[PDB]
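One chain comes next, on its own, written as structure tokens: the form deposited in one PDB entry.
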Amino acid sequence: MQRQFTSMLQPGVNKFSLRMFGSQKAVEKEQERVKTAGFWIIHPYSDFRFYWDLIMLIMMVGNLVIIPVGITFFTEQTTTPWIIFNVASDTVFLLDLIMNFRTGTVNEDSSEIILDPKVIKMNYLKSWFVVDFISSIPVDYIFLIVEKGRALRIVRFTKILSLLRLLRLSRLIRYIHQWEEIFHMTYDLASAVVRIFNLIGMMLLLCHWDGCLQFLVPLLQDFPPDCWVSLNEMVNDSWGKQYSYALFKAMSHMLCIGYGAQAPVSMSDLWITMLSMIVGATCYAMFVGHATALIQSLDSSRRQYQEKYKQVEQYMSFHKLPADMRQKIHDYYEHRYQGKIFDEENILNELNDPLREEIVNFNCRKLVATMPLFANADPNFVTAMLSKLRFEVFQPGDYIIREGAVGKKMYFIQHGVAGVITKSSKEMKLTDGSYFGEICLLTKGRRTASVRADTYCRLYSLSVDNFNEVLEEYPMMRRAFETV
């Protein structure tokens, strides 16, 4: 018993707490910080608080559905099954209320959770305690036992007191918002998907309560001869037929499809219909808003590529380039980026050295390992040099190197067919894994032959400036290269 009884009320070492406090030593400091603070204090991130709030979510989603129906469509709440259900729930929500004095609290300051018991009690008794209190105690039964020391008046007034329980929706909202921030910090939740499912739960709950209110107001007026229950001649129907019609009216007002069987006739039905129409029209506008925010997040990568490309069309149309030249540019962007939008330089700068090294070795080691230098050189040298290679793409017919031009760069074939075209011989084809232009290294001069693309070529290259920038840090390899 005791070894778990103290262990449950303080932060366990887990994927949330290690990512939140930063290390097991920071978690174990926070465990010590509550274990010194007082008797039975509960940390906000504790497993006890998780499983307790999980019981509250089940308990509240039960109560906020059952209570409106029990008050509205049944004769009395004084029978044994209703006395049992209400005393069970009220004692549970009163245990939750006293635990909100022993539990700590978080803040936007991101500082360590406030865990002094007097600091918790003084903050709670100001912030939320009054709405938690009047909805925890059985205000209707404690009024009734006082009224026991006409009957058609006291029962009605009692039904109005019984609905003070619906303020438990504040706890449902609070406890949902607390655990969704904890799931964001652990399970990579999409914000728009979380947000729309919160609104869907509220729309169903408001539509259910409205579907009670539309019958409750006639009942509190003793079913006047001009209201919808009397006009539809269903005052004596079953509780399920009445609930189905009252929910159908509420949902019809919420979606603006119609009023029910006819438009309102009495003052009560006019003003309850208009309240329902406004709560509906606002929920549906907020739902169309959330559906739009969701849909605009889903294809964000496609969208950003379309916006990026359209600025190339603005550039080409400002410069008034001819349509065949625009087709080369359009075709180049499709081969180089393949509809994927990213920034290679920005992404590699925020990685660490081990991840940059691992991604570069995966991309380029199979291409470089065929070369006679890199087959013999040190691993701590080639892994440094591969980080300097720049990716390039060439279209068919383009010259990659021209004879007689100064050779500032040398290249490696990743994909496609190239052709060396010196006048001294028949043309030699080059293919994936081969390399060319190497005679630019550690020398100077014009290129001895031209090279051109016979198909879409995907290449890697490095400049003699970047090659020298590497070799300046590896003078032993510089001496080995200078020999041949």
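Rigid core here is just the name for the largest C-alpha set that superposes within 1.5 Å across the two forms. Residue numbers count along the first chain shown, from 1. Compared with the form deposited in another entry:
- Superposing the two forms on their core leaves just one of 122, 295, 285, 375 with a Cα displacement of at least 2 Å between the two forms, namely 375.
- With the core held fixed, the Cα of residue 109 is displaced between the two forms by 2 Å or more.
- Taking the rigid core as fixed, one finds a CA shift for residue 399 of 2 Å or more between the two forms.
- With the core held fixed, residue 432 shows a CA shift of 2 Å or greater between the two forms.
Okay, that was the form deposited in one PDB entry. Show me the form deposited in another entry next.
Chain alone follows, minus partners and molecules.
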């Protein structure tokens, strides 16, 4: 039906498109744009473009594996079950050429799909059409039709012409990069994990193509007595035995290992070996690079924590701090950050208000709801108050509050025991969920009892500067607390 047929060629309302265009109305604006052409635009983000590129990737990985092998290890590439594969697949890759004249293009420099037919055709014919046409049209069977209008020379030249189909790797690279830019925008794949699998796919393909080339150059020379295929006496081995050996040569030049049974004798086998070493050791260097980037991404937060701590050790050693105090600072960072690197002030500034308020109310509303100041207060005021709490960790023996010091802030216990070392009583061990220093906010005096950490206290603290900064926003609660 024509409505569903047109619907496939437009950018759909889906998790990607509503994130790329930012609203379902901006998606509809782009659909209403695509409706300008006489079906002569399919959008780069359309379901048609997706499923077409998906069947093109499985078509093209299959074809870029099968074509090197059928051109290299098989006689009679003019046979019915082989020309049926090549005419069918070159039809699919010619439909794909026609589709790219009507396919838009994602202009990264303007963040817009070009999406107009004369602009798409003129940019495409200037960008990639020559490699796409050469790799699309059956130039090998065209040359057989011209030559039928010498047999060993025709079978030589048609094998080189048939490897112009390998320029489908330009489309494989392109359609993979387009669909991976789209899939990062859909699934947040780790960059180095996408990149290592691009390169593992490229290594396997270039290793496979070198594996074919290592036999093809012997074959195009009619297996001279000084090439490895003749020296290994395997010019008449099965296509699979030959391919396995030829691949093993290429793979040994790739993965940095060796040769076949001998160093190359003939100058063409020697130069194809050097090319395959250059391509191979380039791939393996590129793969050690991607493996390194993968590894450095996978522990990146732990690596950044230990880099940050090493700057604490550099601070400690610059100031020549005693080993007893350096151990105290180490044990502080171990309890304050738990080996995790973040900036709370940075991250909370990157969030919206509702999401700060949800994070803050999950962390701190359980601590504050026990306090008689806040158990009876308005939910909007308490939500504004909890955002002013500063998290503090006190190691055992640290005085959180000292008797006779000015009451600049008051505290709440998330975890640990804090002993109220009062001037005329036994030490009341305030356990997790307790609160203290509360007379600082109401009375503006010096503290009436010291409070010291009896374990590694994890505290939330409320400065009287920040308390008053929030009470200026809620004068109804200010007049209420002023009653007591």
